[PDB]
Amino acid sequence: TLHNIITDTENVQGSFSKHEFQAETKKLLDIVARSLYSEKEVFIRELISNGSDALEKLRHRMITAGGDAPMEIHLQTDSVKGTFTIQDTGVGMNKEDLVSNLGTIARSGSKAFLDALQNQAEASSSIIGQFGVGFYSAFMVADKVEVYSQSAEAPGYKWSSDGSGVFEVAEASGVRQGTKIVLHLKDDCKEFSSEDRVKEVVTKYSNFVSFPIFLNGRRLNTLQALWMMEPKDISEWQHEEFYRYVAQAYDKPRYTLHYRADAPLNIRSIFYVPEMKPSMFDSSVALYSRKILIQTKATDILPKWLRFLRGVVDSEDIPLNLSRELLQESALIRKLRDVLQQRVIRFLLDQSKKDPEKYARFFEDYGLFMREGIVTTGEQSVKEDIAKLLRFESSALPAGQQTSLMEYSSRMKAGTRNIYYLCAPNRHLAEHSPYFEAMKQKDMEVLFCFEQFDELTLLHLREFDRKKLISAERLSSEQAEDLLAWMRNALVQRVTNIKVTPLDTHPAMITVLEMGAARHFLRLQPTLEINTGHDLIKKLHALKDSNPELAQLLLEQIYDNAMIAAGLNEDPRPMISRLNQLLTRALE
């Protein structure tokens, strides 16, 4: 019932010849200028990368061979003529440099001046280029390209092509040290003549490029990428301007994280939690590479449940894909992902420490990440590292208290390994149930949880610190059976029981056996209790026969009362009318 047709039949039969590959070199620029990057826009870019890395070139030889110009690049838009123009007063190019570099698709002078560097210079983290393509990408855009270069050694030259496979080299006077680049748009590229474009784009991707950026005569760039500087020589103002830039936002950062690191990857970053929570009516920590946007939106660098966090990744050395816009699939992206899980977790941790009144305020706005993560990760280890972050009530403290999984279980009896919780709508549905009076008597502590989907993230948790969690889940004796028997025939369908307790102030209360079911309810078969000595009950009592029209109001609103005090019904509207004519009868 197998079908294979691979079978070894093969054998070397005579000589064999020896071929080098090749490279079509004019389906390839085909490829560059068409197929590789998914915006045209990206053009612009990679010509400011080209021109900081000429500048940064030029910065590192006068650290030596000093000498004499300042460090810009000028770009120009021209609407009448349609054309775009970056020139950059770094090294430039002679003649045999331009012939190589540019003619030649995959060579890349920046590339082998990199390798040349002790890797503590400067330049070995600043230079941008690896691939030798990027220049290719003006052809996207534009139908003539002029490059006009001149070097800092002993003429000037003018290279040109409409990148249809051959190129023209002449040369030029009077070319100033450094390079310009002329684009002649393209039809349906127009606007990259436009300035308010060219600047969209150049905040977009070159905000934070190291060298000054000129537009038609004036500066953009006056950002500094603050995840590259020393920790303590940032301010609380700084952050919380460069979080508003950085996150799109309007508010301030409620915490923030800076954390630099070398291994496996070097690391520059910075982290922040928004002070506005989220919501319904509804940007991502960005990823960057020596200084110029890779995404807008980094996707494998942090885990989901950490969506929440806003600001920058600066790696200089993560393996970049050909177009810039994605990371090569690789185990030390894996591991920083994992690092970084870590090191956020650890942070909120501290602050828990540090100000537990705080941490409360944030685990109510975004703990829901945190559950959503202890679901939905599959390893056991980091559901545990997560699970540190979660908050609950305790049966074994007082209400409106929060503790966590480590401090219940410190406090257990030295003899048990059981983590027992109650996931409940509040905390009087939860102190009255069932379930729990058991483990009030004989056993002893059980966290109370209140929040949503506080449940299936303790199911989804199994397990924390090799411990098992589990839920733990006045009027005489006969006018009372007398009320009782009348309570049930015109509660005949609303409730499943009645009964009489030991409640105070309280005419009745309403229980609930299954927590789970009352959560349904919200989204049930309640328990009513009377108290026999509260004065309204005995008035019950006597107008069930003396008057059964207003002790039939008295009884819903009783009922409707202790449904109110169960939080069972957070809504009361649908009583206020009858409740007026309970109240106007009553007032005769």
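Residue numbers count along the first chain shown, from 1. Take the two forms, find the largest set of C-alpha atoms that superpose within 1.5 Å, and that set is the rigid core. Compared with the form deposited in another entry:
Summarising the superposition on the core between the two forms, the listed residues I213, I510, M93, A138 contain exactly one with a Cα shift of 2 Å or larger, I510. Core-superposed comparison between the two forms: the CA of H541 exceeds or equals a 2 Å shift. Taking the rigid core as fixed, one finds a CA shift for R268 of 2 Å or more between the two forms.
Residue displacement note: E556 has its CA displaced by at least 2 Å between the two forms (rigid core superposed).
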Second form
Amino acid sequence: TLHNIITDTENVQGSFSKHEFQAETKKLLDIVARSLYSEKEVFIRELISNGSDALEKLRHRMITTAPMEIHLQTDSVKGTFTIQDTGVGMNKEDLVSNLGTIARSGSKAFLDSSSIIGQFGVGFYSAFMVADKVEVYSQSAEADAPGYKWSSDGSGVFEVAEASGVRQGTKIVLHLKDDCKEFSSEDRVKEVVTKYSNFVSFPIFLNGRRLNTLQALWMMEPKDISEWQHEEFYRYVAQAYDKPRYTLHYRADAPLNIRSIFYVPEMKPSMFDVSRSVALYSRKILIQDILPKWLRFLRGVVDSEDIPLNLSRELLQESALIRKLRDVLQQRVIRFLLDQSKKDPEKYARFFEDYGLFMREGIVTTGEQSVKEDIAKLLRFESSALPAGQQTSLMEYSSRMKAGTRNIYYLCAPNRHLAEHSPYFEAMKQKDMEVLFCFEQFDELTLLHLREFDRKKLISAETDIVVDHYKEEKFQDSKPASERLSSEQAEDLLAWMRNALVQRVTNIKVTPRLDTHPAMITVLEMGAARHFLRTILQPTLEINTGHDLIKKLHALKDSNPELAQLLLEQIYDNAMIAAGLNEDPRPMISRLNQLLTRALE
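Output block for the form deposited in another entry, input the form deposited in one PDB entry:
Below: the lone chain, stripped of partners and molecules.
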């Protein structure tokens, strides 16, 4: 039933020769020269980092004064790019060993702490991506020491000749290939520097003008950072013009090394961009997610020494590692935002109004219940048990629940007045249960997807009203029996209503649970029905036979049957609208206007 050819059959005959791996060096030069990096411009990053390492080796050994800097020059007329550092330089033996041997890194034999970038022994060859000729002039300290010129066309061979007039350090001239002349442009070179080499530890000069390198804030001690320094750094990393309303400066060492800053912009998010975020670093140079999708409103920077880098310094090398980093950051950001709620609830209300949509998206799109509930801790509602305007949370609702209660009741309505006076809340007031009031458009969807919180099932007031019909409906009316239609009158009214609304409602019943309102529409899965109307069901019309409008309808059906029918139709429509289950309300206006005149004689 199976097809296999792999069998343990092989056996060694006789002896074995030992061999050493070799290398096809001409082809290796070519691989590094056109196949290693996806973007040609990174030769600038590679040569600058070598210059920084040379300056580090000099700074380290001179403890044990001279200037320590990196100079760039563009000559568009001669088509050349030049970088010179004032670092340790190289002697002749160093030039042929380090530049001559691919994968040889002097900067790795240097130990035996943390400023060095070099390791792979290949970065220098990236110049041959953009140059058909490379000259190096280098001068060691002290040491012997003559000056040397190293020269190569990049494919095969190089030459080393003694030289005079070589300044302490190293100068590299690239005679640019004809299709790489952009790198003889000052603006072009400047933009590559600030992209990749913007936090280098030594001054960089481009054509005699010093460049505005920055401090790597994320690596520094958090209360050595003023608010003003965060405003400026935020504007740089977010390329923004405003300022951050929150700043989270997050360092960790276990389980992962993490050095990170996150900002929430003062600006409200663009709605065009929400439907249309953080830079990743190591050793202060860039890597080409890190955050769950719902936290993409965050700006800032993340740096982690546990992210291994591929040879090219643009791929990150362990995806499960990245899910772990993502999950650590997500929990830390949730903890931060909860803390902001405690510190300053009014400012958090503003933040929740501007960014809450991201919390809702996060809850709806996660599959992990514990993650859903963690994000849900950020949500804010009002409550029937609190004064109007006062914001509360799911956890505060949980803590007020009596020892016996098993469910969290909520009511979705456009504003505080409507929830407080909803027919659905009037029905719930008969019970002894707090009711969360939720005013935002996608609140109900969110709670439906959340489903439970702290092992307590979420139940909307509308749903709960229907489930009571199938329990011991032990509810008493708000007006005494004198003030309601008699049973004979109700049943006569209901039989008339069923005939007049025959192809619209599944059933029509009297309810003891309304006071202000004449009627309500009920649907077991009310929240799902509201959402499904996102461009016919089994709705029940429940009537308050103590309401003056219902009592009048019962009279109109015999005193003016046609006026009663227009009125019945409008009561149904009003209840549908109150239920949030109404289609386009415009065609109702004619009947209402026709009803209004007829009612007003």
